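2 protein chains.
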Amino acid sequence: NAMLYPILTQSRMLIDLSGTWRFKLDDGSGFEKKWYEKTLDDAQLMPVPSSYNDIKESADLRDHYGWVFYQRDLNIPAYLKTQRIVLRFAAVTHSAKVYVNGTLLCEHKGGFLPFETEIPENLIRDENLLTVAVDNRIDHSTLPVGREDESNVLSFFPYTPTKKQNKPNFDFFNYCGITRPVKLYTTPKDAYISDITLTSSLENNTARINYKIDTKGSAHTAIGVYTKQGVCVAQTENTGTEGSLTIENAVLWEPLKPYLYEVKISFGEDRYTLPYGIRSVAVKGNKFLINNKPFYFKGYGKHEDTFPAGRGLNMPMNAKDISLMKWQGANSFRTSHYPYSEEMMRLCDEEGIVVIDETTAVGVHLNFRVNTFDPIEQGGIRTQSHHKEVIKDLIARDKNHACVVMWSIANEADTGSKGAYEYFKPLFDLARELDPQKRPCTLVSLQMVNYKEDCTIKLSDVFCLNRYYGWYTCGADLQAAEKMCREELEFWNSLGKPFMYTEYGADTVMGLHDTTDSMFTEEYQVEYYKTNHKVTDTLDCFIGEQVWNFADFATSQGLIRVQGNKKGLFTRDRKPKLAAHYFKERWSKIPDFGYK
Amino acid sequence: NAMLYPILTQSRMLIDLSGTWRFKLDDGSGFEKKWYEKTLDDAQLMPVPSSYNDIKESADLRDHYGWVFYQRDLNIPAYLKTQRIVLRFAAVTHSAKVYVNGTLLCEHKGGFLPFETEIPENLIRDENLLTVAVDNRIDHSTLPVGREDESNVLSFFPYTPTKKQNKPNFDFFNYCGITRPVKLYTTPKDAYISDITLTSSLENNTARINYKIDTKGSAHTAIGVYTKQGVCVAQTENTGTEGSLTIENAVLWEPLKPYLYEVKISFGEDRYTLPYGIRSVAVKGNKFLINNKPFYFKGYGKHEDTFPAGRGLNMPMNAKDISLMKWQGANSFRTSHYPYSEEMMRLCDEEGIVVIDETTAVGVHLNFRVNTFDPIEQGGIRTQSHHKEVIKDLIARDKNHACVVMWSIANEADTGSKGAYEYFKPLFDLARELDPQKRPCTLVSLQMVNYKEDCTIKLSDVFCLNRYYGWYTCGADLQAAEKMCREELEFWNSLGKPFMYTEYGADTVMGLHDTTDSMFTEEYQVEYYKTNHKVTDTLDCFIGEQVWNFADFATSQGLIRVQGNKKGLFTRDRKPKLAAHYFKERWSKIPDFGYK
Ligand SMILES: O=C(O)c1cn(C2CC2)c2cc(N3C=CN([C@@H]4O[C@H](C(=O)O)[C@@H](O)[C@H](O)[C@H]4O)CC3)c(F)cc2c1=O
Ligand SMILES: O=C(O)c1cn(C2CC2)c2cc(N3C=CN([C@@H]4O[C@H](C(=O)O)[C@@H](O)[C@H](O)[C@H]4O)CC3)c(F)cc2c1=O
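Residue numbers (the authors' numbering), protein chains in the order written: chain A, 16 to 169, 172 to 385, 396 to 623; chain A', 16 to 169, 172 to 385, 396 to 623. A prime marks a further copy of an entry chain.
Where hints are given, some of them may not hold.
Said to hold, decoys possible - Now the stretches of chain A that chain A' is said to cover, found in silico as 3 or more residues with beta-carbon under 8 Å: (1) 72-83; (2) 175-189; (3) 504-512; (4) 529-540; (5) 545-558; (6) 583-595.
The hints are simulated quantities; they were obtained by calculation from the structure and are not laboratory data. We put the CB at the ideal spot given by N, CA and C, even for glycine.
Please model the entire structure based on the sequences and the hints provided.
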């Protein structure tokens with residue numbers, strides 16, 4: 016469960032296994048014929064990390080259904096065997112089977128969170144083959160959810178598909194493969210650090226770090242806290258597993274003004290250094306408080322999506338995206354609709370970007396007659412069990428990030444229907460139990476005629492609304508959109524708790540224009556946002572605006588998707604639309620703290 | 016009924032009243048307050064001819080519901096009163112009331128066909144005001160048909178519109194206004210030509226023109242036929258109303274090789290000259306014969322649509338469009354979905370472009396539970412009576428055009444439902460009765476699950492199909508599209524009569540690309556057409572391909588319309604997409620005659 020980010024330390028090797036791997040589509044016989052026991056024959060080459068769907072020009076590759084096999088050679092020095100040898104997969108989408116030589120080492124379900132496995136030393140021969148089989152199939156038991164009929168979420174006349182294909186119950190393309198880096202790392206065999214938990218206490222004008230260090234084996238523990246320049250500001254040797262350290266002259270991590278201490282931990286020979294921002298988060302009344310100050314979210318729902326790697330880790334684009342958000346005056350984004358790479362989370366900690374951290378739970382809705400949360404034995408959704416593992420794993424991975432201020436339990440589940448509360452109650456209970464910082468929890472609310480029956484009202488600390496007044500309703504009638512927006516949002520405002528837009532927007536094709544309200548035009552995108560803001564700016568409990576979307580991104584094919592989703596403020600190659608300049612202006616006049 | 020195109024002759028003045036007119040939106044009180052009796056107060060200026068919707072930047076103007084008032088001064092020489100004075104409206108969309116000074120002169124229904132009225136000389140004062148009130152409203156009794164609920168033909174969540182608006186039952190924007198020129202012309206008072214009918218007889222290797230000259234008053238008739246250089250090749254004086262003339266050395270009008278004789282007619286002092294192409298049209302077996310040769314249609318459904326005039330007469334664009342069709346190797350187009358201007362028809366006669374001439378009958382479908400052709404007293408469609416007047420007027424206007432080879436009675440009516448045959452039988456009977464050339468008649472068939480019950484099979488001389496295999500069905504599954512296309516078209520091919528595509532295409536945004544099948548991309552548009560052609564090229568009764576559409580054009584707003592309809596081979600400003608070059612290549616290898 017514990018998943019420390021792998022780093023090069025005095026006690027820990029870090030070997031990146033990324034590069035060109037061999038790649039072979041499964042044809043139904045791949046496991047029967049035990050392809051993982053030899054070199055892949057008649058194979059292609061595929062970059063790792065990357066989604067595989069867009070690297071070639073093959074529609075059958077892009078739209079492949081089922082398994083693929085990745086493989087590479089792994090010839091490592093024998094003196095590594097004096098250490099504990101670990102294979103870390105930061106993400107394999109959606110499910111993986113990992114083989115070393117002929118031998119199945121592990122299997123994983125869930126395409127967006129890391130997993131790892133020791134390599135037993137009796138298995139390492141002189142030359143080794145690493146094989147990773149990757150399953151892309153989605154159904155009523157996976158997160159994200161796939162449809163199990165021939166229905167498309169986006172048809173006039175019915176037809177029989179040529180081949181079976183995944184049918185996403187979500188509005189983004191089903192990019193799969195070895196999405197994020199594969200690495201080999203080592204620790205001391207006999208005594209090593211397995212996890213680190215840090216929390217902050219700011220009471221009585223005294224900043225303290227509380228630590229809890231999880232180990233394997235028997236040794237002595239030490240912890241030191243260091244400034245960015247390397248001055249030790251607190252340290253203790255031969256400590257317990259738990260304790261606290263006072264940080265005199267503590268500098269707080271603040272949105273757009275990050276400060277990270279370096280927390281170095283020793284256990285026997287093992288050494289691990291964890292960056293850590295000191296800050297508090299709390300919901301009080303109708304305010305979202307960061308370091309006891311009333312925060313206003315300004316930003317976006319995002320996607321991990323770039324050409325040609327798809328969902329694949331793209332670190333230059335990560336840095337470019339954060340630079341664009343600072344240029345635009347944003348302070349935050351949400352990990353729509355899955356955990357993002359640790360490289361992104363760590364960069365956000367470094368750059369002072371606030372993150373709403375979301376699970377993989379999109380598509381938990383069977384009625385976009397069996398109801399979504401009917402009993403499984405009557406056709407209800409089969410995701411609750413995996414939904415708990417995802418929450419456990421997500422919090423275990425990201426718990427120490429200062430940038431994470433809120434957990435989002437699901438995106439647009441069927442939360443107005445019968446049984447939703449009972450499905451979601453244990454998941455909220457679990458997230459509150461597991462997060463040592465006890466951060467606020469929410470689910471992101473689907474737009475819905477019976478919004479007063481949204482079970483978010485009974486569960487969430489912040490109400491997060493996805494609303495499309497002026498796009499999916501009142502299209503090209505913004506005066507009607509304004510009225511419909513005000514009627515519903517005055518209800519939410521009357522509940523006295525913080526609420527916010529986590530999505531709102533309008534599909535906009537760069538280069539289409541009209542001085543007169545016309546859907547898909549750059550001007551309409553601006554007018555859409557002006558209309559919504561006319562309402563939200565008058566509501567004192569509305570504490571944040573995150574647009575849909577930061578940038579255009581790939582989706583499944585359909586009559587309402589113009590080469591993907593076009594609601595980005597930026598294009599897929601990160602060029603500003605008219606509305607992106609509109610937001611730079613607007614967000615320049617709105618402070619991070621004390622707007623409402 | 017008779018509607019000779021107005022021309023300047025030795026006996027006929029022609030005064031164009033086009034230019035800047037005064038323009039005022041009605042507010043409900045325009046007739047009550049009798050605005051037509053004075054200058055329009057607090058008015059704008061509007062170009063005539065033009066649609067009014069896009070000239071300004073006002074959404075309320077663009078989306079106006081109801082009446083508008085146009086007005087201009089009309090100060091004419093008194094010596095005109097020695098002649099018969101006629102006001103000709105080439106088109107006023109959709110309905111008009113015409114006033115001179117205070118006096119209602121005529122009212123017209125039908126937005127795409129000419130109407131005229133004598134100006135009684137006792138009404139002409141020294142200074143005169145011409146007022147034209149124009150109604151844009153559409154319903155179950157107009158052609159084209161408007162919906163009478165709040166439904167859009169292209172909604173996720175229901176909303177109340179801010180204002181009432183026209184709801185077209187058709188896929189093009191409801192452009193209205195004084196669409197085509199307004200002209201004053203004169204004839205002799207006492208004896209003048211009211212209509213001319215010409216037909217051709219090619220039997221026995223002898224080309225003859227049969228004439229029938231309709232007059233008012235008592236005088237002597239003469240007719241002469243002249244070559245383009247002005248050589249008289251047949252003539253007779255003091256003739257009857259009907260007769261025939263042999264044309265020795267006759268040159269036939271042929272597709273892409275036009276020849277027009279000039280037919281000059283005298284009656285008393287009146288003189289009228291009519292261009293006339295000699296050619297035959299006939300359907301025999303599975304062949305469409307022009308001048309006894311098996312024709313293959315290559316071209317488009319079009320729209321009259323340019324920026325900013327909308328539906329308005331744009332003669333430079335007409336010439337540009339014909340130049341592009343010759344550049345692409347097309348030979349034909351259909352007047353989708355209304356009669357086009359006489360200026361276009363006459364230019365097509367001059368340039369050798371073959372025309373399928375279509376009525377205004379689009380939207381004759383109430384179920385895109397009351398059935399379309401239920402009795403009117405039970406909610407059935409109320410268009411049949413006006414549908415006959417439109418057919419009468421269209422044939423009366425266009426009967427002498429060599430370029431017109433086929434009448435299209437309706438576009439995508441509900442022809443697979445009960446009662447369609449009975450609705451359409453009298454209209455086909457009427458068109459065959461009225462056309463002196465007895466040209467083939469068709470209706471354009473909607474795509475429909477029960478296509479074997481399409482009443483076109485019982486009525487039409489050529490089966491004209493609108494099909495979207497690979498767009499509205501099988502989208503991004505072209506291999507399935509090919510199979511579905513072949514299954515249905517082998518049925519049509521098995522009937523042994525000529526059939527053809529009058530629409531097929533794929534929405535394509537210029538500048539969107541992908542080497543791998545992706546809807547809305549330029550490459551997908553090409554692949555869509557390749558797939559269809561794989562099938563049609565193997566069917567010996569398939570005698571023509573007209574794409575949807577020649578060029579992108581404006582529509583109502585909705586989630587599936589990217590700033591209008593994007594199925595053009597060209598953009599709205601006439602720039603070629605990838606598929607336009609594809610068709611230039613393809614149509615360069617397909618002959619006008621003897622392809623199948
Ligand atoms: O053809 C139509 O009529 C509609 C089609 N679709 C589907 C997307 C094809 C609708 C979807 C609705 N929901 C689906 C996604 N929710 C968020 O919206 C973003 C976006 O759609 O841009 C996604 O990208 C985000 O991931 C997701 O969180 C919005 C609400 C809806 F309310 C109405 C319609 C239609 O009306
Ligand atoms: O959102 C969807 O799912 C669909 C939406 N629409 C409507 C246009 C919004 C459909 C329409 C269908 N008909 C409507 C128009 N016919 C011709 O098509 C051209 C075009 O549509 O390009 C028009 O411009 C031409 O004038 C017209 O003759 C095609 C058949 C259909 F069969 C399926 C759908 C959908 O499935």
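Hints, one by one, checked against the model:
no., hint, in the structure
1, 72-83, "holds (count 4)"
2, 175-189, "holds (count 5)"
3, 504-512, "holds (count 5)"
4, 529-540, "holds (count 3)"
5, 545-558, "holds (count 4)"
6, 583-595, "holds (count 7)"
Comparing the model with each numbered hint stated earlier shows that all of them hold.
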